Amino acid sequence: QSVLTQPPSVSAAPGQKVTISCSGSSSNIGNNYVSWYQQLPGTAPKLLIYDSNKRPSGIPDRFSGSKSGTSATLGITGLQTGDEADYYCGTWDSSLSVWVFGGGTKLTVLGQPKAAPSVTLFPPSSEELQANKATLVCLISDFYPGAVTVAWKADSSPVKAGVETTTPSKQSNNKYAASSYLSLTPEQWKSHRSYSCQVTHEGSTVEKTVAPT
Amino acid sequence: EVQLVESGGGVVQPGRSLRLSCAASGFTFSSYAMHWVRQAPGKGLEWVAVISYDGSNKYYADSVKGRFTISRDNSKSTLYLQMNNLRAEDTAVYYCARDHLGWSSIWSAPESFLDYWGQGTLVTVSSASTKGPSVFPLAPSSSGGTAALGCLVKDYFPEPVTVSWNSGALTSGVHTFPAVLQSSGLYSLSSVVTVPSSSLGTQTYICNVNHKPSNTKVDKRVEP
Amino acid sequence: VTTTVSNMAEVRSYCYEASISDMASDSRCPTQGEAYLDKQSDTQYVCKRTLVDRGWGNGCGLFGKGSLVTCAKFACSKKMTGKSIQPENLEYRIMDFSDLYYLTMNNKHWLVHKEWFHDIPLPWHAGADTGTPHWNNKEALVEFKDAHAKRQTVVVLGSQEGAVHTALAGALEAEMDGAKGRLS
Amino acid sequence: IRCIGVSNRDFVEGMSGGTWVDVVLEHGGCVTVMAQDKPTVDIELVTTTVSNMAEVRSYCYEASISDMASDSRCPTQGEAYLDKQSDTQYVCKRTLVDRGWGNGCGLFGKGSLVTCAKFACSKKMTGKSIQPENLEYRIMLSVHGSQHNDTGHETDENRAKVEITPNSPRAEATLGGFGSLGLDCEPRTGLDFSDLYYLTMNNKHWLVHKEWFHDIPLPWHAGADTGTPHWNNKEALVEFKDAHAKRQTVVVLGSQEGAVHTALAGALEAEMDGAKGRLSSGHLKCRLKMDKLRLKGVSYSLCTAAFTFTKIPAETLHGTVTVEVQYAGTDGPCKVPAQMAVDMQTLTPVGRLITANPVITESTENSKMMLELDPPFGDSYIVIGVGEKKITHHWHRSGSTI
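Protein chains in written order, with the authors' numbering: chain L, 1 to 213; chain H, 1 to 142, 146 to 227; chain E, 46 to 140, 197 to 285; chain A, 1 to 148, 154 to 407.
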């Protein structure tokens, strides 16, 4: 699902230490030079690391870079709330002849108790069924840090088709919220025994389920 | 004193074209290679293209091949990106970015990293006349003592949309989620209210959906 | 004097020098299903299935992960055999064998502990070689490196004879004479 | 299989089962290491490259002047003076010039005259310091005999890339089923960059001696600062002409670009890749650690099927022969039968192989392989394969004293 894969999110208390990895192949990270880029909220990307382990001037020594095999790591120590940002690994890929970025990693510097996501799952309304369309609504609210991964199940199998999911946005009380809509035709919704929504937050997974009958 | 300034982006329509430009000032522009890197709203960075120090070498992302064309004018220190036959998924903030190398070698690419970055330019590929929403009822049946019921505000354009409950009489317990852009260009959202389960069949809940771009004022009962 | 074991039933044999052949590689592009080779399901073959990055730059229309699989016919060149010694076909002579196996490797023999022998990291079979035996866990000697568009480079470990030998340092040295074995 | 085209090629030999072999890697040059009972490997230095060097001094080779001003004074009326005389951006000159009744003065003699001009610097060149933290050599390793001229090595097991710095001269390079090579490269004997500056003039780059750089007759500033810096010795580009009573024309010399280009006729040339510099002057004494290296198919069986020619055998610049063969058999991986017999009856091996212990790796039919052979002088036979369908090809090698 990405050419360079880095974990969607990572979190740590202030003053602690955190590392972000991204793994690739011999054709990119393995042989070429890995660079790291910091993107603060609503801001252009900024070069953090170059040549796998070198710092540009102005970048504090808290930031470090390392490379081993086909994976590279960025290390942030003496963590500060100012470090809260989206971090990207990038490098040239020789096989694909293409410059590639990592999926991104949202670093959150915890300043309040972690909060499990509250999840509400609605089936397609009858009015919609008599509009010949169908839509399942998965709603996720009040979770910290602001990073969840959503999944959709049929009756005992994964679902990827027709899934539009928003990205976590600041709640009024510094929590986060997100929503995921699954599109269906009434036949699909009448076929399966049940459809399920699976939210994953800080290693835990909350699952809700709705049945047609 | 290095600075890059993007420009030439706006609210364009699909099928058509656009030409982004970047102004460089602080270096020997004709000595470094240049990158175009775009970012969808609330998504990850996607490297678009790169051109070398003289303009003899160009590389493109497989998504923008045969549709985009990167070029440059060394004479006035400017970077051009020529995008024709646009799509929805080309909608992004487009950044131009200074390399560290000029790409004058075989060993250039493996050592390349984006040195200085611009500030970006919003390129929106919008393809829909204004449209009122279709409202549906999200109903509860059987959280111990609480239950959540809501309204699905499907397929509208553009932003924004306002939703109340019982004409402002109901506020505490209402959470209206930020909307999603679908695989078609229309917006959908949901608005939920959390009420005591006991008061379900004994209290009427009506959502008031107001869309002002079009003149849509639709109210819906939500009953189990 | 003549401490001697009689005929023995072979417990389990470990291969320590191995070879590969009929090595083949299939790779599909994205939205074109998983890759398939004939001898993928064959039991004499060690295989590796993974996902490699495909795009225009390496012969494909659309960007994304394609399915690659490589298969090589595993064969043994040098193996050691283990044997169980019961206090039944044993014979003392003068003028605890429930914890020991009779290990034989390239005309040299030891008596080794049961657990140690049963937990060594090499390809193995049980019973006896009537020809065509199934080799379990062939990945101990054959590894797959460099996930790549059209192929995947296999590497066979060299003879582990020296390592096995150096492992049997503090081990009970034995000896054999024909179909029997002289103890001490 | 590289190096075969390369003119400056070496053939370093091994021992019996040694551990270290010494080599010298020159840019554009190549070293073929052949150790006994080891696979033949190619070592070549592909990129010396400098970066983040500290600027030392910039010289100006094209200046301009504007808004000049003169001040005159009669005899017995003191020294001449302008306010722009103390300004560092302004270059000045004092001179005494004849005055009399004929130009405003009360008595005939010498009057004081001063003239100043505003010193701009249109173009400059910059010399940078070459610290060990700036060097980064890159060495390429390629085991002889693989599948098939360029670089696409990241996947190939026979080919590996390593990088070396003066503060990290040690590196190891895995070569798949061939083990791994070791490299301890002395960067001191690399090149005395402690007596060299890196000169940058309008996208053109050179390596110049420090003393020659210090003796350049041009205006100059040290290190560097934003806006407008202070130029020393402005008189190298600004001359004063023939003084009159109340004036003195000031003229800037033309561009000194071509002058410097000529002054740099024999200097080492550097390539430019953005903020990186890329040398082509190469010297690296390296110690190759070899005990972790190994032959692939020591215990393969021979190739029983037929080999055929794909290219007609050619002679390199060093007298060796390159052949390319196609193997139709599927009994791979197996060992390639390849020797040179001067007598086809006995097949008694003469000369030697360069590609030591050739091996087919693929079991797919019609594979390809390049063999390099070191024939004896005169007539012989290149013999590949076994039995009936073997290739026997007559060869001849010429003589000595180049």
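Be a bit skeptical, because a hint or two may be false.
What the hints assert, rightly or not - If we take Cβ atoms under 8 Å as the criterion, some of the chain E residues that face chain A in the derived model are: (1) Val46; (2) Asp67; (3) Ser72; (4) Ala120; (5) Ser122; (6) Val243; (7) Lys246; (8) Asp247; (9) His249.
Rather than coming from a laboratory, the hints here were simulated on the basis of the structure. Using N, Cα and C, we set each Cβ at its ideal position, and we do this for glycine too.
Run the structure past the numbered hints and jot down the numbers of the failing ones, going up. 1, 3, 4 and 6
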